[PDB]
Amino acid sequence: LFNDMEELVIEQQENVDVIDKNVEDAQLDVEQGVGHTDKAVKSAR
Amino acid sequence: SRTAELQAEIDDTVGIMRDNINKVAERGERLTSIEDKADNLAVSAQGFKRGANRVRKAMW
Amino acid sequence: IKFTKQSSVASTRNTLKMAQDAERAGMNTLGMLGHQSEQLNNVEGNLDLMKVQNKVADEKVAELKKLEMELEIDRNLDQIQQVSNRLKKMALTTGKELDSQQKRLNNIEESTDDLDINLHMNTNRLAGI
Amino acid sequence: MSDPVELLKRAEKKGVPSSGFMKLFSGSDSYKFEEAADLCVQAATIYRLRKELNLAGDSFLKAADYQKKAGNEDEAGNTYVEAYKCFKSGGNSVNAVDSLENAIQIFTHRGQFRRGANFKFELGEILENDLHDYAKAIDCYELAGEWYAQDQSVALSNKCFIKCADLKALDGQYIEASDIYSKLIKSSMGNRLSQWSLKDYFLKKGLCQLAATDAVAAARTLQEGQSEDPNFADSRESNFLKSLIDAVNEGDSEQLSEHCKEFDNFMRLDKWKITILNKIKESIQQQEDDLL
Amino acid sequence: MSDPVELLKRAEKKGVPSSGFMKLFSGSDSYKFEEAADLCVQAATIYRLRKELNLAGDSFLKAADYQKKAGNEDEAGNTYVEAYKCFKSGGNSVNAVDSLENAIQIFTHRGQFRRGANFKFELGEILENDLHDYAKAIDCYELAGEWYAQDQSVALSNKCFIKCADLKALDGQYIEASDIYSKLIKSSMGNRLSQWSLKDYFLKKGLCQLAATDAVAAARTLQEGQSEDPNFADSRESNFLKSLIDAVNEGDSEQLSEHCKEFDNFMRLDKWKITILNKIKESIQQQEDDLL
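Chains as they are written, first to last, in PDB author numbering: chain K, 213 to 257; chain J, 27 to 86; chain L, 433 to 499, 589 to 650; chain H, 1 to 292; chain G, 1 to 292.
Next up, chain K with everything else stripped away, as it sits in the complex:
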């Protein structure tokens, strides 16, 4: 049962890698987007 637990954690490593990478990209993309809306508000005024 140790072994099965440990193998399930093997599989879950990639889940953790993908969540970190994807949430990072999402955060960065939203930062760029909020910058873009800030510039849009600046121009519209």
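Treat the hints as calculated values from the structure; they're not laboratory data.
The beta-carbon is built from N, C-alpha and C at its ideal position, and this holds for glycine as well.
Just so you know, nobody snuck in bad clues.
Pairwise CB distance ranges (calculated):
{"hint": "1", "chain 1": "L", "residue 1": "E593", "chain 2": "G", "residue 2": "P230", "range": "26 to 34 Å"}
{"hint": "2", "chain 1": "G", "residue 1": "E228", "chain 2": "J", "residue 2": "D45", "range": "30 to 38 Å"}
{"hint": "3", "chain 1": "H", "residue 1": "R268", "chain 2": "L", "residue 2": "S439", "range": "14 to 22 Å"}
{"hint": "4", "chain 1": "J", "residue 1": "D62", "chain 2": "G", "residue 2": "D38", "range": "21 to 29 Å"}
{"hint": "5", "chain 1": "H", "residue 1": "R192", "chain 2": "G", "residue 2": "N278", "range": "18 to 26 Å"}
{"hint": "6", "chain 1": "H", "residue 1": "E258", "chain 2": "G", "residue 2": "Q287", "range": "51 to 59 Å"}
Based on the hints, put chains J, L, H and G in the right spot on chain K.
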């Protein structure tokens, strides 16, 4: 009496760690769902960036 | 009598071996769970920053629209007991750490879903401006 | 709530492409297919709320078809995955298979090998368990493992290749199963985390080689494992495989069955090992029957 | 599907900046590089679909360079990660290293020390296994662990420090490796999850200091382990370290050989410890050479 105590301790760890197996199965299901939703989140963030950029160009 | 003792010695040898190997399995599992805990801490931080950025996005979009054999048996049992104690501590440990990470992963799930919905809303609003 | 039948009828009406003279005055038909898809999605949601799951799957399939006609292939793949979820929860394995095939095609064409591997794996599961189409399941698991290997997913690759090797060995393809086990072994060397699978791996390889009557191959596999993995050298699996090789070389099926019982008492033989071991016994018995 | 070579040629024609008179009438070159990058990415996804990974990685590198020229540094880093993916899956470790270097520089330049540290660790692993660049991999691990300490990630820094000290000790640099083991001891002290790691650390530090002919240093390392860490006090590692210290105090290489044998008897020894202990024995032999 020592060997019996060792046997009891091992049985208890077996029980604790079967519960651990069930918990890590639940954790794996949760992590799969979170992976799917974070792929969704990244796609949505890119779309929001692009739409905000297009609006920025529009008002300029 | 001698044969039975030899069988006991061999069995205690196997028990000690594969017990030690179980110790290893749990150990690397725990180091690995701590690694993934750190990664999930990063995920949580990014989600928090993203919530703040979506508040800013909400307000900006709103304005944008507005605009010898016995002895060996004994010693092998000694070693097995030591390892087994360490194994029990590890099992109680992994149960606890999985519990905390399970609540954390739940909250991560709802936070990601909420951020996704908010971003889709803001993108739909920006499409009409 | 709207009637899903009326939503589907309106979706069908809107989904008719512009033909003839009207094509000179009508804009891109993309837009029309987009609302046909939206109407189909609404009907699918209403069916899903009613637990009329197969109908929801059908509506999602129609929505995905219209999305494909609009050029929105990514949305089409997502909707095929939704149609899949509806069919799988509905017990309609055939339409579930069709949905994943379409979805995986869309995903692979878009360079999303990760998602395509996930769904190819799930498709293989439906083929193994629900439809019992083992051959194309083997194909699914092999290809998913290849896609995972390209992504440097050693682990998901290995899960797929375990399943592929097991199904191949059960189907009489012992040599190819042994070769997949060789690949899996080579991938699991040196990784502290996988050594337990590694012992198992060596055993299975030898067993296939005994089912192919190539006892020399079993011997070299066992020697290899003894040398390259100390944990396997001293393991019950190595000793058991030594013992099976010895029984096979002797032509003593009873000794093999005794060894199987002994190994069973200490480590339960799962169904797969029982099948392969029975095959090995049968090959022995057939050889005596010819020698008699 | 389009021919990827034609896409690359179109990108290359499109990769030429405006020079001279038409620069006065042509807009910013950013759009133009954007088009070239899109073409290269499309060609590279096609290459990836045909399993021609090296060409896909090269096209990723070209697209990343063009995007750097366009000012989209983050997309260039992502494309460098893709080039890494296809190069390492393609077996070209040197080009994967180049992609990792460019990506790490990009990520550090944008304040993403986290990505920098992760990919520095991947880079060091690739160097240790494929290219046997031990010194530069040591630097990679040290820098990764340092940036991880800057990121407050205890576990990542701890792991990177373990491999960093491992490589440093095996390469003759005992004092610095023991110093990193002291850092590992201090960072891991008081944590119940890293207890076992500590149990190993004290021993490793003592071993390294003993390979440096500083017997008093291994003695203080052992005494620190016994007094500070209760579990290590009763651990076989502490007893092995005292017995190593005693044997080298006596200069009895035979006794040392014996203690290696008993330590192997219950806990199979790892190549790191074998190399260090062989170096200690050979130091007894160099001492023997001095002894005349």
